[PDB]
Structure formats: structure tokens, C-alpha cells
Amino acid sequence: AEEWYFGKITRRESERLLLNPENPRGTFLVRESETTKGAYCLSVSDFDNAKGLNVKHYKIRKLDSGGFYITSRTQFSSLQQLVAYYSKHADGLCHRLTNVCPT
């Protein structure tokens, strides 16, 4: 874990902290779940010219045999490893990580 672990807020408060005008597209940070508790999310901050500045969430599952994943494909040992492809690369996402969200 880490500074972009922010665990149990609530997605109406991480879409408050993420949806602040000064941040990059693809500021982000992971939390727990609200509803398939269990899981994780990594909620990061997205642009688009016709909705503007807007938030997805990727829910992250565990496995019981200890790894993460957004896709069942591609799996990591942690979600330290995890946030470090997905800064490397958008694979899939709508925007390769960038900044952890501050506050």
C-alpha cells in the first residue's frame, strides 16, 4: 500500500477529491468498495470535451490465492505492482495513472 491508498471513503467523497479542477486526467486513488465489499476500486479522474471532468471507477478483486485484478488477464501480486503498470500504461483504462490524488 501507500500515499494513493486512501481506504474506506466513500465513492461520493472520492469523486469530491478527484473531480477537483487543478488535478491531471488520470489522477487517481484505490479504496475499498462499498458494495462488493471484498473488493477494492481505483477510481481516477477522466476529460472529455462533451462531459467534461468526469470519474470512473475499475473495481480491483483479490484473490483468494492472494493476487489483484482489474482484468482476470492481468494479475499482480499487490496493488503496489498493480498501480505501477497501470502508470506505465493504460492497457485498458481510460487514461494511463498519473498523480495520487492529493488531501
Second form
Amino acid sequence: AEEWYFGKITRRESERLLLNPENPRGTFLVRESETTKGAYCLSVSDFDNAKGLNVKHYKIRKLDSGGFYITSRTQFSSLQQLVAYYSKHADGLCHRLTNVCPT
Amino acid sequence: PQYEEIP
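Having seen the form deposited without its partner chain, could you now give me the structure of the form deposited with its partner chain bound?
And the full complex, kicking off with our chain again.
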């Protein structure tokens, strides 16, 4: 894990950090959720033409069986597993993860 | 705040 876990940072800062125009699309980081306490979040930068650079945020909910998920069909025992999976194939994500955000 | 959901 490590590289990509940014800790307790705000939605505002993650966007500030992901909207850097030299970041490739699919740059990401995992933070804590400001809105839902106990849940994390995956902030991916995307580039739609017309809207320009933007950031999609996905909430990673945890189950008491000890697994994380964004969707329920796919569950992971580990947030590092989740990152690995979404790096290999987007499978619903706006873009597969390609890059651990700089800092 | 809005969050994306996988469809």
C-alpha cells in the first residue's frame, strides 16, 4: 500500500492535487471520507472534452465481514487489492487507475 | 457532495 494512501485529506485538497494538468488521466489517490465516517474514497482524475480535467470520487464502503467495495459485485479484502484490480481493468470505473498522484 | 457509482 503506502504510495497512494493520502490519509485524512479533504475532498477539496484531493481535487487541488489531482487537477494538475501534467497528471495523466487515471491518476488517483485513496483518502478518508469527509462525509461518511468509517468509509474511504478513491479520487480519480478524468478528462472529458467540454468539461475538461475533472475528478470522479468513489466511496469505498467496508463490510463487517472485513471487505471493501465500491460496487458489491466486486469485493476486495484489502484496499491494496482494490487498487491493483482497478489498475488492471477499469470495470465500471471512469478510467482504469494509471498513476499514483504526486506529492 | 456527489460521488460516482459504478452503474
